[PDB]
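What you see is the complex with one protein chain gone and the rest in place.
The first chain written gets the first letter, and so on, giving A, B and C; residue counts start at 1 in each chain.
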């Protein structure tokens, strides 16, 4: 149940918590995790060049601001068996800010 | 088609041609290429902690002495689009010796 | 470092120093060396149908006018272990003229 926030703060959140494993630019490299360009409006596990786990592809969730917020609260609880090593942004304002940035940075 | 050979000579072949990108010990580090412990009897692209290419995971070949010999003759021809930069041991005795060592060194 | 020059002179340079081992036309044959069509903007060792050395593929240099000039000064010094038997065009005006021609002849 997403509500938009500060994209400037979300940039700092992404750079500190996600940038180590992910890239956002169109046609960026796949670090530990896959490139996230065009992640919104795309099924889970459909990034070319990345070897996803069975769980990530089987979830087949069409990413949007609402299910992304649920995913980022507890990645393991949302997709059990995900290789993404991340506890989760537990504050709702954090997820809202991060997703606000991620929406523009990946379109 | 594999035939066993000199494991002492295969160690020299591995150390000169593979050691720069690969490690064999149980729980070794992932250099340019992945750690090869337990490579035999395991699917291609199933080493933990390594980011494989799309081609290497898609091949899904269960490694054995025979398909490894074919792979090491021409890695690009066997798995088209592999990031492993290696032309290939073209002599059959070289592949047999290297695989003889690699079998013991990775079990 | 690269500066454009006489493409007419570069054609004479290519025909006298490179044409024996290389072809430039789209879909030309691989003589002693590989076909050079689309060499610019492509990684080193990515020509289809040619067996490159380990050194040429491992260099993985994205060819451009600047690194080509450095390569053509001393091919062995730039890519140690290259099977290309060529000392190198030591004059800068020579490399500039040759690359000026090679840019149009291979696009």
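Methods note: a contact is a pair of C-beta atoms (placed from the backbone, for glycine too) under 8 Å apart; a residue touches a chain by one contact, two chains touch by 3 or more.
Enquirer: Could you tell me which of the visible chains the hidden chain touches?
Expert: Looking at the complete complex, the unshown chain comes into contact with C.
Enquirer: Taking the entire complex into account, which one of C:1, C:25 or C:107 touches the absent chain?
Expert: Answer from the full complex: C:1 touches the omitted chain.
Enquirer: Pick out which of C:12, C:20 or C:66 touches the chain that's been left out of the picture.
Expert: C:66
Enquirer: Given the contact definition stated above, which residue among C:27, C:29 or C:80 touches the chain not shown here?
Expert: The single option touching the absent chain is C:80.
Enquirer: Extract the touching residues of chain C with respect to the undisplayed chain.
Expert: Residues touching the hidden chain, for chain C, are 1-2, 59, 61, 64-67, 70, 80.
Just so it is clear, only the chains that are shown with their structure count from here on.
Enquirer: Counting only chain pairs that touch, give me the topology of the graph as line, ring, star, complete or other.
Expert: line
Enquirer: So, what's the distance in Å between the C-alpha centres of chain C and chain B?
Expert: 32
Enquirer: Report, in whole Å, the distance between the mean C-alpha point of chain A and the mean C-alpha point of chain B.
Expert: 34
Enquirer: Using mean CA coordinates as chain centres, what's the chain A-chain C distance in Å?
Expert: Their C-alpha centroids are separated by 43 Å.
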